[PDB]
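Next up is one chain by itself, shown in structure tokens, the form deposited without this ligand.
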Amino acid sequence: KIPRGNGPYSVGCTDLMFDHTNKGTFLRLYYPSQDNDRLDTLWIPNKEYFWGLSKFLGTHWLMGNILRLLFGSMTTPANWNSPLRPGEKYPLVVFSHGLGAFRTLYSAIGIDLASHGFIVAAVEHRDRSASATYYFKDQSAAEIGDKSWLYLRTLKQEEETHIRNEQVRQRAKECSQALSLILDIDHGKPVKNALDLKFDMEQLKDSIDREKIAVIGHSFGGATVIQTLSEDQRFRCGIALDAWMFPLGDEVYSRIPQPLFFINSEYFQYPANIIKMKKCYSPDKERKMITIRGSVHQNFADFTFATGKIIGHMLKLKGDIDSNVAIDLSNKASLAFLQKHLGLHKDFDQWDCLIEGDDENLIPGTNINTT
């Protein structure tokens, strides 16, 4: 079980694709919901994503049918197509997934944020960093549901620097485009969702607190956060969950005026990556860093909840620390940071001590020694 949000609101979920092309925005929306009596949300909703994960693992595509057999019925505790809870303007998080992931696999984070009163737009990147994604070649294909699938690109070592950088720039552009789409929907522009789902997008009119926008992401998504902030000042702060810094150009490090929070796992990080994080620091800039004790890179994604303790620990999906404990720390510390730097009038300042890593399962800053 992926855990329910800890906040006071029920949580809804839906998909939005606009436009229908491979240059369009594709996202999964998690939002405060009126009702709590809808079907839960199917976690990995098409077989092709499992074929995708199989290539990301470097196994035969038959492993995909086995992954699907194991995980293809699993849901996540968000009310599918529930109407939006009205009568309140919600701040917005745009969320970026890791390499080999896709939009649906950080529901534990997305659901928790929504339950505290955020709308979360988990984008699906079309840069070939996703295990899989899809779109429609033209209008005809969109009307009849004829999907075109795009799979993870495997790189030669000679391509790594250049292509990873092309990808993080495209990721940043997709985050800005998703923000613009949501903002245009907030300002009432009618938008025909390329997916025929029974979530009326007109509900989102005048529901976004338009100043209060943040970007959050895991791994490749943590680089995406940083690139996005340097390019798009509409985002007022960023939170990088166990960021993979390699994709970033040397030019970006001095170019992030917004507050930035690094939440790292204990076992993922290494000097080269910490050094790059520390190139983001300047005395004028607001920077914070914490490390979750006993955590691994996968503690931020939903597969940390999808298997039992023994097999999870074997596959590096779980760490020494409990998965619910770990994600509660990351989510609560994120909430306090967002409250601080978006100027929210909620109670998330109860978790301020977590930003300084003041907790027995936290390390202030980093465990990684440099030079």
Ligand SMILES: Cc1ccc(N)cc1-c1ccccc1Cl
Contents of the next structure:
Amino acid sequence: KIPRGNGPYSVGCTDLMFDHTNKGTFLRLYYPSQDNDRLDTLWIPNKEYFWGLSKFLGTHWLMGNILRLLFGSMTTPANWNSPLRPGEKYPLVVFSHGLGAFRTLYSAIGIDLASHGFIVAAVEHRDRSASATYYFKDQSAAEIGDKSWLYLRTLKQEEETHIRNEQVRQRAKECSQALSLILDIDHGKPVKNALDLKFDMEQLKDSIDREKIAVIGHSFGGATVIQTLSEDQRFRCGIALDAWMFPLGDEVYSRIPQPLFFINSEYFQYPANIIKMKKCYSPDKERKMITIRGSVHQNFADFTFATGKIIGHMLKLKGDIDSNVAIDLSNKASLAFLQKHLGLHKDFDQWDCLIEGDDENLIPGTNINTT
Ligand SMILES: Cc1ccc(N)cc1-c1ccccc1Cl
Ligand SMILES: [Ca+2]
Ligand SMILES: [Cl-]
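The structure above corresponds to the form deposited without this ligand; please give the structure of the form deposited with this ligand bound next.
Time for the whole complex; same chain goes first.
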């Protein structure tokens, strides 16, 4: 099981696609909800995601059918299409997924943030870094729900530097475009969701605390954090979860005025990556870095909760640390940082010690020696 949120709010969930094209925004929304008696949210909602996952794992596309057999009815504890909790303006997190992932695979993070009173827009990227994504070729196709699927792109070695950078740049644009979409919904723009879902978007009118915006992301999504902050000053801080720094252009590093928090796994990180993170540092800038002891790269994604301990450890979905313990550290440390740099009037400063890596399962800064 994907854990329930630790915060006081019930969590709702819905999907938003606007416009219907491959250039439109596609996101999964997690939000504080009025009600707590809806059906739980389907974790991976289409067979094509499973096909995409098996291609990303380098297996038979028919191995995707076995993943579907095992995981196709799995849910995540958010109230599907629940009404938005009224009477409050909510801070906004835009969240960017990693390579081979898609919008639904970071619900442990999205639900926990929502249960503490955030709206979370988890974008689905159309840069061919998702395992799979979909869109509609035109208005006709959208009406009848005739989906066009777009699958992960594999690269030749000679394509690596250039294409990863084009993708992180599109990823940042998709984050800004998702922000503009939510901000226009907040400020009352009528939006026809390309998906026929029983959640009226008119609920989001006057529901965003418009100054309190952050960008969060894992791996390729952590590079997306940094690119996004450098090009869109509407985002006031960013949290990079085990960022994979390779996609970033050399120009970006001296161009991040916003506060930036690195939360790293112990076993993923390496000198070339840490060096790149340290290039984001300068004395006028707010930077923080922590490492979770005993953790692996996948500790930030929902796959860490999808299997048992032995199979978990074998597939590198779990580390030596307990998955609930690790995500609690990452989510609590993130809440304290967001309180500090967004100016929230909550009680998230109870976790200020974690921003400093002060906990028996935290390393201050990094374990990686770059000297
Ligand atoms: C089995 C597996 C191995 C590696 C990664 N990264 C993900 C998976 C996976 C895919 C779909 C559903 C559940 C899981 Cl655990
Ligand atoms: Ca911009
Ligand atoms: Cl790892």
